[PDB]
Amino acid sequence: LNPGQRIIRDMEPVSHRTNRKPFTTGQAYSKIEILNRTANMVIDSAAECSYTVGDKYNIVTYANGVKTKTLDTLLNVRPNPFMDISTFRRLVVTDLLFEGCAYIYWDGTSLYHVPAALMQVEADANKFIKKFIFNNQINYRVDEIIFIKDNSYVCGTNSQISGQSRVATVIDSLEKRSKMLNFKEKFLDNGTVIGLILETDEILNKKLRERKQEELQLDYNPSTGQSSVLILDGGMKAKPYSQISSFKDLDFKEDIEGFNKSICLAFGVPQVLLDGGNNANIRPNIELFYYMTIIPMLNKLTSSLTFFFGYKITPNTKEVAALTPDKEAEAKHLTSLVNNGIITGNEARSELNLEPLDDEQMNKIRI
Amino acid sequence: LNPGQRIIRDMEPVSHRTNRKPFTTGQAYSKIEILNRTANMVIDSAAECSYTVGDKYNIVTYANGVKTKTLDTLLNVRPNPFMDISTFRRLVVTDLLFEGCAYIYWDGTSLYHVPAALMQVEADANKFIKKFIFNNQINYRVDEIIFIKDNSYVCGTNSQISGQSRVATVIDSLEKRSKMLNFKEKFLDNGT
Amino acid sequence: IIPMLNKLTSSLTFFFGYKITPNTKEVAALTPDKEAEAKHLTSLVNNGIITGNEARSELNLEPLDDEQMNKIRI
Amino acid sequence: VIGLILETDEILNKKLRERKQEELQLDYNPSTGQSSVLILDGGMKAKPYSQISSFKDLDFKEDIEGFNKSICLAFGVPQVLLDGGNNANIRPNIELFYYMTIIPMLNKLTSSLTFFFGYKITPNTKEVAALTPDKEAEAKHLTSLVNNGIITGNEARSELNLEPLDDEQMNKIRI
Amino acid sequence: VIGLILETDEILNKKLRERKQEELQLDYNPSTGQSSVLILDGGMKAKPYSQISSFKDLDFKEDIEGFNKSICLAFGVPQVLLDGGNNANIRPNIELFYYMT
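Chains as they are written, first to last, in the entry's author numbering: chain A, 11 to 377; chain B, 11 to 202; chain C, 304 to 377; chain D, 203 to 377; chain E, 203 to 303.
Simulated from the structure, these hints should not be mistaken for laboratory data.
The beta-carbon is built from N, C-alpha and C at its ideal position, and this holds for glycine as well.
Among the hints, a few may not be true.
Here are some of the chain E residues that sit facing chain D, going by a computed Cβ distance under 10 Å [said to hold, decoys possible]:
#1 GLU224
#2 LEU228
#3 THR234
#4 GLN236
#5 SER237
#6 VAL239
#7 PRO250
#8 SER252
#9 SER256
#10 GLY268
#11 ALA290
#12 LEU298
#13 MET302
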């Protein structure tokens, strides 16, 4: 064992919540459209991916006696008797995204999801971790929980526990943008416009003064009125006024655009996916997004599951519609490989997502 | 079973409606061109897609005894004896889009649509969910309803129930734009 | 669209126990290019990976009850 | 922000002065109000004021952009990965990032491990999704090398991340 | 930064003067306030001031870019490697850097 695990325990006995503002998070998610779209895109893309259970690693694991078919059914078909696979995956992904850590409880035969807003992980003096405390009371144990953690740098030292959430980082930019937008709308609402100003040095009959104010305003409007010439008699003048505060000084386009780009950068969604563009803009950006953003996020979970069960579990899409390969190039390279002898026909059929055919010459290499 | 389902029930016993402004939603849908076009495009595109029933998974399900052909006819040809497949799909999709969740009641031999604006989902202390309350009265049960939920982050905790509607995010920018347009037209009208 | 329908199909699969997946294959806006489809289908059929009946099914035609269309040519 | 400034040389009834201030502000707003013409009687004037400090002098876009450029440079991530771009740009930048930034960093660790244990340890991705090679070019060069005789079939299968097949003619060079 | 300058030729009660300074500043901000019109009584005027030193005269982009380019030139790293570009920019620049430097 590690001789200095006690020191690391004393440095940070328990986990710390890293989602400092949950209510503001919920309000921004509920009333800001960029946040809603990006978060929904990330969660749906992560939940779309499937899982594959392969070889068995000869190591001692927390959960033993579990067959490959049971894992295949749990991860793919239906984890709980009472909950969907899509709902389970989306809940786990949103827990991981909004909160630094995510947890999945392991029952005798099924995987139950546990919210991460109430979990508090307690470190151990000797090995790694002593116990998990769901809010309070229950005190799960350790053998029954799968632990997924994002890399975090809290306070001074990096933590073996806890985890830092991507959505908190974005919370300031939305506030900064919303303040400016509300400022613009309130400036428009409270502004005043004046068309004509007349000045006199005498007290001219307030009532008929207001009557003349109405009369001139109606008459000189070119939409409803047919007057253009004004004759001022009695000494009345016209002050050549100007506009003090105009709406052209408020140039908020660049700042709002920068805040939007910063939000998209923080979540990791490429700009082209949100806007749309040419084919060369479309497909490589989809591949970049899916692979380089989602696949590490699922890789954390798959590594945790591999540690827990002892079976090689890797993310495998191979069905996602947005990752559908080009038909012509796929056919060309598969047929070339099959004809030249590198791969059998059955392997090509499997890669085409078809079913292997029980022939004789398709299980032997042609040349 | 989960040893801590009681705590999750205590946190969120019942569902919460996330369509805060329904009347403003309806008025904007009725009198805004971009909202109408985008919503119609999404709903029609979702309703265009068909469904395929394939292999049978050897698990114990809520509804058993249904053959492949009957399910295929229900999903594709004609769900109810009294309503269209296109109308059924469009209703389900618009319920899912405007309200966070959508529901489909399961009768003896056919699928009946139930609006999501009135149903309230009651969580269970032990397993997942106790009953669905259609406004009031009925208390359907659970075995008779298909539940579809969008991912939601309400208040502080993400709920296993409820769901967050995409159209409400818009009911802010639409008002901001309409105010500016009306300001422009009235400034033009009142000028001299 | 497809994730939106995927939630519904996953719920239906849980409810009924039948693998239900979204499948367009008929949507006019998703009509594939005729020439590229013909090229890749004919290459796959001739080289031996895919039988003729599978190609007809992917062309949204009906299977034809022949003898040499249910066996791999080469 | 100020819309209108009126000045007078006499003390005109503070309370009704404020009432007139709110009345004019409500009336002359084109959003809620239908007045455009104003008459000043009794000697009240209007000072043609201007704006001292505007929001157009605060041009901060370039400096903030430069700070972002410097941060991205300091860590080493090509900017196209963060922003996104065309077909040609999107793959070479991924390769440049991974190789130049990551691989030396893992190379330090692998050299230390080789010193510690005495086994040649080298970083090997060959599985990273973002480094997935082009299918057509890979097939072309592998098939050419296999057919011409430089590389056996088993080596090609291994490079394709498949499993070696226990045949006879795949462990001997064809020509 | 200054928004309004009002001038008077009399000693008008410093304390209430500061109170009015706070009141006008809070009232006339469109973020928190619903007033747009001001009336000056008693002889108080408004000086049309301007801005002496602005932030637009400080154009430092070109000089900083020149210094960064000079540093990169001194070490020998091509600018494209630091910024990133197209494939024809990526590979030849990598080869040039490695070889020549």
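Now the hints, each set against the structure:
{"no.": "1", "hint": "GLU224", "in the structure": "16 Å, violated"}
{"no.": "2", "hint": "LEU228", "in the structure": "13 Å, violated"}
{"no.": "3", "hint": "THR234", "in the structure": "12 Å, violated"}
{"no.": "4", "hint": "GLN236", "in the structure": "8 Å, holds"}
{"no.": "5", "hint": "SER237", "in the structure": "6 Å, holds"}
{"no.": "6", "hint": "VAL239", "in the structure": "5 Å, holds"}
{"no.": "7", "hint": "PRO250", "in the structure": "5 Å, holds"}
{"no.": "8", "hint": "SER252", "in the structure": "6 Å, holds"}
{"no.": "9", "hint": "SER256", "in the structure": "5 Å, holds"}
{"no.": "10", "hint": "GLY268", "in the structure": "13 Å, violated"}
{"no.": "11", "hint": "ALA290", "in the structure": "8 Å, holds"}
{"no.": "12", "hint": "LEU298", "in the structure": "14 Å, violated"}
{"no.": "13", "hint": "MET302", "in the structure": "16 Å, violated"}
When held up to the earlier numbered hints, the structure conflicts with 1, 2, 3, 10, 12, 13 and fits the remainder.
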